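First comes one chain, alone, set out as structure tokens in the form solved without its partner chain.
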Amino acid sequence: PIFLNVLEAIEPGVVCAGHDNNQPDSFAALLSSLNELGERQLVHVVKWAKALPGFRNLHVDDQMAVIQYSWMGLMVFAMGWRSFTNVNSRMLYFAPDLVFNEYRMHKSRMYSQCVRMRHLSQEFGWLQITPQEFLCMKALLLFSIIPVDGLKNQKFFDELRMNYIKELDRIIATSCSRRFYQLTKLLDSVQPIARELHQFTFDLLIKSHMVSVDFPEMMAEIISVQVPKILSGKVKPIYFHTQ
């Protein structure tokens, strides 16, 4: 009741990219649209996270940090879910006005990464993830990447993360054990994907001026300030099982 009531009530609604589907696809136009969509989704991720049960118990500085580190994985996870519920994972449903088909996957120069994300999407089907499990897993996904040196107040974070794990546990509840195993495995699988995208968007930002790919304000900031901390090993994901 209560926990899930909150997660359902705060789930963001549909977000459009504002892409112009009439002009021919192209590396520059597709990625620039994705970046605009990224900026827009970021606004929602922030509002969503701040409304999560117990989130404000975290030190104010830790709050923005965990959101900026988890942003990529969060977007990837929700996207895979939208792709599964809308186009049965046949394509990547980034937004109602920005669906990637085989051709866009290739023209965006993100084919292998898109293949990886499509696999994630398909897993929602293969595992028959319920909407409730999806919401719990997405929440937990927000608390799955932190600085090696710890946050301002690691204790509140560890406590909060532990609670979201217990919540996923209740929703699942020798079948419980098997289900918990496969869902935590799925959650772990998001990280390697998020890392490839972190590397890709970072490289893209550095040469964005040469390829005509625009990066909105807040994203350009996150990719140049928070993402390199992840790429250089200062910030690491928290895996359930050893990789």
Given for the second form:
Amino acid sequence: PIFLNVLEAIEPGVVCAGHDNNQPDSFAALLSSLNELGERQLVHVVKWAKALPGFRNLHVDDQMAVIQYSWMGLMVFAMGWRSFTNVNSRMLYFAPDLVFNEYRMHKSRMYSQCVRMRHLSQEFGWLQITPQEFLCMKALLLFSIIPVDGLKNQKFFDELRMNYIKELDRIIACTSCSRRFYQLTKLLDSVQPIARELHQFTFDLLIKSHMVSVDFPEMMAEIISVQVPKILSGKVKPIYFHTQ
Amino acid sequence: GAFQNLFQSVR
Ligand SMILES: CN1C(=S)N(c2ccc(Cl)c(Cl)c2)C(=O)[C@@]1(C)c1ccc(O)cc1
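Could you drop in the structure for the form solved in complex with its partner chain? We only have the form solved without its partner chain so far.
In what comes next, the whole complex appears, and the chain from above leads the way.
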């Protein structure tokens, strides 16, 4: 299981958000902590991504692009898994110090997006997703959203995506296998609409931000203003397995 | 850009 060996070896460890759980919840404090967490996890997503089998085959502009287009989906999927494994989807386990109960879901003003993420989390149990299936699906997710006009070196991306699909089929193979690939790819497809809803909410927040006054950091202001609108405007779109 | 700085910062 060379491939699975590597995926387990590069998998990032726990990441905390830095949230003050001793203060009462507010919209501003929750979103500041999600921004901080989002930025800390992005660092781990880059380290992880650069270590993936064949990732260096990609043109370096495409390496950078692909991480920024898929990072929200990656985080959503990974958070859903943590939620499932740590608290049986009872709450959303963003980080060990940032666990969302329904009240925080409501307070964050992202209730509809949280309910969908909690549903994603429950499917990990309904489908009895293995940790090894989890690792392969998450890797495939990195290669599942691209510009409609193509990447700098599209052929190398194509063959890379192909190999990750082949390895996912492998640990399903290792009929039954038929129904399973179907179910897992439906689950993967469902990640993308949730990431877009998070993007739309947060884009709107950045723009109005002057009014709802919330300090957008660093890398976040850049990614939401430079890359995220490509996705919201349809210039960058998910690669779906199934027709939506 | 900030993202490129990060990306390049990673070994
Ligand atoms: C609203 N957001 C949630 S939730 N997160 C967030 C942070 C950590 C985890 Cl683990 C997850 Cl799943 C979401 C984010 O990073 C943030 C701030 C966001 C930032 C940029 C953007 O384009 C969309 C959303």
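Numbering follows the first chain given and starts at 1. Take the two forms, superpose them, and find the largest set of C-alpha atoms that agree within 1.5 Å; that set is the rigid core.
For the residues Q191, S32, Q63, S208, superposed on the rigid core between these two forms, a C-alpha shift of 2 angstroms or more shows up only at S208.
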